[PDB]
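In C-alpha cells, one chain follows: the form deposited without the ligand.
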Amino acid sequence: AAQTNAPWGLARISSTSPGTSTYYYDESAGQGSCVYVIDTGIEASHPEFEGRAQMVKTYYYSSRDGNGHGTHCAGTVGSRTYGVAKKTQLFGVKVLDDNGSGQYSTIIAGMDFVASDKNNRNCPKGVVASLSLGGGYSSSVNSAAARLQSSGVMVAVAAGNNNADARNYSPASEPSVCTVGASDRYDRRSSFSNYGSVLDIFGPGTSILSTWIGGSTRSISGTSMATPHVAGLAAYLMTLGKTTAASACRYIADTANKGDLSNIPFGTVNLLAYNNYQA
C-alpha cells in the first residue's frame, strides 16, 4: 500500500533515504495486533481512530485525555492518517494526569496492569506497549518495564529529552526493553534527544504531525514521538509474522538503516527504524 503526502516520519520509516513523502506498508497494517499507549490517555472518539481505540484504565478521576499528549502518541501508533499500524487495536492506560505528570508508583501499577490485562484482549498477532514517559533513574521503574517485557509484551520507551546519557533515566536505562532516541527529517539526531549505550534504535521525533484532543491535529517533538513509531512498527512486523514480542526490538535494530544519522555521539547506535517494505 502507499499513502501519499504522509507525515515525514511515516515516509522515513519506509524509506532507505530521507526527503520523500509517501509511506509504503503491507496492507495487513498491524491487523490482529494490540498496542497499549501508557500516557495521559487517548481521545477514543477521534475520527482518525475509527473505532479501534479504547481506554482500558485510568488512575485518575477521568479516563479522558485532558492533555493531548497520549492522544498524539496513539495517533502515531495507529491512526488512519498519522499512524504506522493503521489497523492495530489501541488500548489507553492513563498513568499521567492532564498536566502530563504521574507518580512513579502509579506508573509502575500501569505497567503491571498491561502485563495482566493483555490476557483479557484479543491480540492473536502479538502485543506492544508504547511508554512515552520518563524520570530519574529508579530501579523499581526499570524492573516494572522488565516485567512487562518478560510477560510477552514488546516494550518501547522514550530515551528522554535532556540531551544527556539515558543511563540516568527510567525506564530508558532498562536493558531488556526497546529504548528509542529521536531524529529529525534531515537525519540528524534531534537536539533534545538523549543518547548512550542504553539506546536501541532511533525513530522520527522532530515536528511530528498526529492526532490531538478536541478532534484536531498538531505537530510536536520529543523522544515521546519517536517511541510510537517504533511501537507501531513492532505491531506491524508482528502481524506480518516477521518477529515476536521477545525479539522485535532486536529484529528492528538488525533491519534498520545503519550509519545514516548525523550527530550521534561516539558509542550510541547509529540505527534508524525501517520497515524494509518492498512495495
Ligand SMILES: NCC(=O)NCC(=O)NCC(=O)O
Contents of the next structure:
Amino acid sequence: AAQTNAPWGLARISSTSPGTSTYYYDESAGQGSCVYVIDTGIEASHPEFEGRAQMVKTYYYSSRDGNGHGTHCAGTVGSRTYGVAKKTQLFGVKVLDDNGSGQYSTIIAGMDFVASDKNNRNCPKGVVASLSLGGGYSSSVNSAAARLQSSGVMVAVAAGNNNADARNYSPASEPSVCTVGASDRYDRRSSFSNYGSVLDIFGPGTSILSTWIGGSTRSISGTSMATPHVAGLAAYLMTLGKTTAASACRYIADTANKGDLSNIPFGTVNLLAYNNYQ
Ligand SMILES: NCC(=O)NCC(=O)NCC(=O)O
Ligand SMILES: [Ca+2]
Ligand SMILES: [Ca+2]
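What about the form deposited with the ligand bound, after the form deposited without the ligand?
Below: every chain and molecule of the assembly, starting with the one above.
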C-alpha cells in the first residue's frame, strides 16, 4: 500500500533516504495487534481512529484527554492519515493529568495495569505499550517498565528532551525496554533529543503532524513523538509475524537504516527505524 503526501516521518520510516513523501507499507497495517498509549488519554471519538481507539483506565476523575498530547501520540501509532500501523487497536491509559503531569506512583500503576490487562483483550498478533513520558531516574519506575516488558508487552519509551544522556531519566534508562530518540527531516538528531548508550533506536520527532483533540490536527515535536513511531512499527512487524514482543526492539535495531544520522554523539547508536518495505 502507498500513502502519498504522508507526514514526513511516515515517509521516512519506509525510505532509505530523507526527503520523500510517500509512506509505503504492507496493507495488513497492524491489524490484530494492540498498542496501549500511556499518557493524557485518547479522544476515542476522533474520526481518524475509525472506532479502533478505546480508553481502558484512568487515574483521574475523567478518562477524557483534556490536553491533546495523548491523542497526538495515539494518532502517530495508528490513525488513518498520521499513523504507522493504520489498523491496530489503540487502548488509552490516562496516567497524566490535563497539564501533562503525573506522579511516579501513577505512572507505575498504569504500567502494572497494562501488564495484567492485555491478555484479556483481543490482541492475537501481540501487544505494544507506548510511554511518551518520563522524569528523573527512579529504580521503581524502571522496574515496573521491565516487568511490563517481561509480561509480554513490547515497551517503547521516550529518551527525553534534555539534550543529555538518557541514563539519568526514567523509564528511558531501563535497558530491557526500547528507548527511542528523535530526529528531524534532515536526518539530524533533534536539538532536544537525549542520547547515550541506553538508546536503542531513533525515529522522527521534530515537527510531527498528528491528531489533536476536537477532531483536529497539530504538529508538535519531542521524543514523545518519536516513541509512537516505534510503537506503531513494532505493532506492524508483529502483525506480519517478523518479530514478537520479546525480540522486537532488537529486530527493529538490526533492520534499521544504519549510519544515516548526524548530530549523533560517539557511543550512541546511529539507527533509524525502518519498515524494510519494497
Ligand atoms: N513526573 C513525571 C511527569 O509527570 N512527566 C511529564 C511528561 O512526561 N509529560 C509528557 C512529555 O513531556 O513527554
Ligand atoms: Ca540511507
Ligand atoms: Ca534497550
